[PDB]
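Quick setup: one chain, the form deposited in one PDB entry, written in structure tokens, and binding and motion questions come after.
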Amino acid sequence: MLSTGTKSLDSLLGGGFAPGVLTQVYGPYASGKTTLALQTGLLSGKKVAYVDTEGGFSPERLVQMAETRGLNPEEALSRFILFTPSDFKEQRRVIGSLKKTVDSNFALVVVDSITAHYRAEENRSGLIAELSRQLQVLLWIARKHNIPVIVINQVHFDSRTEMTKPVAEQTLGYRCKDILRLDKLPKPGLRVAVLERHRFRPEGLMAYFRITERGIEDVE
């Protein structure tokens, strides 16, 4: 398991993110999903392939996080191999490229994210297979290197049964064996993660944490 650097999140997850599987981490902005990604990558100590289509990655934030934990920010920042497909086109190309870019030097892959394009109506029909293309390539990458692939997305949309509770789009949903929902508590920086889906850890369980200058910490 790839530790989150948080006692609660690790307890909830059986130790950290699982190698060889896609863990979806979804929630609203500032929910702490990106910080979680940054922290897991930072503490792994090896390279992190980070596909940032949403511009959610912040060098300064990682530097802050690295320093505040006495880690040497230059090396930390250097371990983050970035990809900025951003206009959601070279995205699949980037993920495809990842097949050969990712080697045994990598400890983690992070995709952020893939779920908002110009032609709005898109969402239903067609494109859905292209998403499956990507997810499959990511699962392939995760399995060949036995490392975790964190898939970050925004909350509320893909669970159209009726009670969109809350995001899990069928096969695409089951594409991710582990699923963590991050919610905001009404106190500055206060959050809770809910393990909605996991392979062996009890589901529905939660872990409270707070977003601080050091990244993400266990609550007081």
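Here the rigid core means the biggest group of C-alpha atoms that line up within 1.5 Å when the two forms are laid on top of each other. Numbering follows the first chain given and starts at 1. First, how it differs from the form deposited in another entry.
- Once you line up the core between these two forms, the Cα of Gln170 stays within less than 2 Å of where it was.
- For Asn105, a C-alpha deviation of 2 angstroms or more is recorded between these two forms after rigid-core alignment.
- Taking the rigid core as fixed, one finds a CA shift for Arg143 of 2 Å or more between these two forms.
Other form of same protein, the form deposited in another entry, not the form deposited in one PDB entry:
For this one, just the chain is written down, with no partner chains and no other molecules.
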């Protein structure tokens, strides 16, 4: 197993992201950021660790999708182990804990994944650090543990100015090896994946798609 998905994406990704490595995903809101994480998991058979620190989690969205595609509600709920937090300084506690002290023979991991705030005195940088040690462990282990994770970052290619495009770049581009990206295109419900990094299957592989109310569908 690599991981599930669609086909418009599946072809692209090499077919299911990839084990051993973390496939970083950065883009804006309203793009399918979360809608993948879920679909990818409840259909990979068993347990996925899902760690959100903001919105994402949906015990309604999970059900609506397991409804129409055919599956099970009451049971599905217990797939993505019930984790967060919403205390980002104190997320390490959970990101370090959930890996070593939650693991077993199970599918994935998805995080949410970016910045946090204190109040003043310019924290930013100090926190722009955070993202490198969490991922240090979040890397050596994913490989050392033949497991695939999904790191949910933000902002994407805004332009080239304001530090080129990704949040903390150079780290993501060393800590995460498979850089994907979801951006919004003219259709409320239809974005586009473009592999910014990966091994097998060229970066120039820009694939398209559509998200419906049930999950990622292919188009025409």
